[PDB]
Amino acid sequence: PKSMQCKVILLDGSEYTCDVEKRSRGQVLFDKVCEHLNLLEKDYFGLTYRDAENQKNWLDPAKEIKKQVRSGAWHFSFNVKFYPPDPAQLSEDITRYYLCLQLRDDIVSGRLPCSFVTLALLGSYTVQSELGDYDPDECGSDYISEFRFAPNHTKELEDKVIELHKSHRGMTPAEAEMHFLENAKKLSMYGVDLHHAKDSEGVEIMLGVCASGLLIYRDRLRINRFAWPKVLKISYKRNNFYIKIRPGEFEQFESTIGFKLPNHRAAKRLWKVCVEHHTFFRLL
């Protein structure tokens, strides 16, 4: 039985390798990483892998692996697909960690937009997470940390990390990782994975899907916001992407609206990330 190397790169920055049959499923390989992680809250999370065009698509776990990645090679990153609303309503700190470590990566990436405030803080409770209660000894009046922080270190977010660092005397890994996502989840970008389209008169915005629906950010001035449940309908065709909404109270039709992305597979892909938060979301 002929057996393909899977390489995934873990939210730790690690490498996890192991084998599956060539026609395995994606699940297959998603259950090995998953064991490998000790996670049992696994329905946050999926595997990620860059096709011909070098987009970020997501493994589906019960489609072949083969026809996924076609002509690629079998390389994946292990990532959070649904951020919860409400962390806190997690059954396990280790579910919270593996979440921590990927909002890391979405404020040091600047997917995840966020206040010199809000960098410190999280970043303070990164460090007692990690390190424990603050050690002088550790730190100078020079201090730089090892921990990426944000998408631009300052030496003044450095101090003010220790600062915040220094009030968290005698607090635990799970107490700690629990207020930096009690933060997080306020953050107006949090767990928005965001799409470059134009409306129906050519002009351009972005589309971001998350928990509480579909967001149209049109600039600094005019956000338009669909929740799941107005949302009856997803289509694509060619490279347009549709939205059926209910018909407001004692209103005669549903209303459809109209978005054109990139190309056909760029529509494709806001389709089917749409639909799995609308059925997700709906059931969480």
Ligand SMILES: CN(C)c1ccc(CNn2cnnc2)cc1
The other form holds:
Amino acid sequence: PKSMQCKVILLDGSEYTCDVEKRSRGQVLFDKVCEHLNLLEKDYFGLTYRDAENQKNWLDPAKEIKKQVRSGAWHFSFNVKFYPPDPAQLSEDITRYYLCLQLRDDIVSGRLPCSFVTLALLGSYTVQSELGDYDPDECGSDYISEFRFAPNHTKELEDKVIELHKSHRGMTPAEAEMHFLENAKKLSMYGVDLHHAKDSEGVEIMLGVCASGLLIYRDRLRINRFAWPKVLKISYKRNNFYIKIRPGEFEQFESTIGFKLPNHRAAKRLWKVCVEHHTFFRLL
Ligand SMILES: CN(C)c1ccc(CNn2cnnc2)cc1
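For comparison with the form solved without the named molecule, kindly provide the form solved in complex with the named molecule.
Complete assembly follows, chain above in first position.
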């Protein structure tokens, strides 16, 4: 029984290595990673890989790993797939912990834009969780933390993290992680998966996929949003992605809205994430 070596980047940046049988479905690897992580609330998470065109793709747990990674390395990342809109309702602290690690990388990467004060507050909870109570011994007026907090670090931001960290004395890790999540969940790009597209006129937009629905980001002014209940069918054809919007009250006809994606693979990818997010949110 021939086995392939898998390397998984975990959310703390460490590498987990394991072997699966070469005809294994994605679920087999995912189960091994989740057992390694002592993660029970596995439904929110998934594995990604980097494809032939080097995009991020979700590893389909129901399909053979080899028919997905195809010519590529058996190298994966462990990620949040479905961002819980209310993380306080998760059953385990360890689930909230992994969601915090993902969100830290969402922030440092610039996928999750954040004001100065929110960056500092999120940072202060992370430090409280990781090091415990503020210690002046490990921080002079020139202190710079080992923690990555933001896409661009400043001395100002480091100072503000420390000032807020002082206020959290006696906060336990689970408590600080819950406060981190209570702030993060409110950010306008929380759990929003952004896809580059063009509208039916060739104008560059972004489509955002999230719990509440599909978002369009035309230009600063005019952000369209389609709550999942308003979406009856999602489809793709060639480089095009279509959503069938439910008929408004007293309207005779459903309405179809069309987008141009960079290529066929990008249209299929957007279709699949939309279908998955509609099902997820429908079972909330
Ligand atoms: C019906 N719900 C609760 C549901 C949703 C997604 C999955 C797949 N989970 N997974 C495995 N590998 N990546 C993601 C399982 C169940």
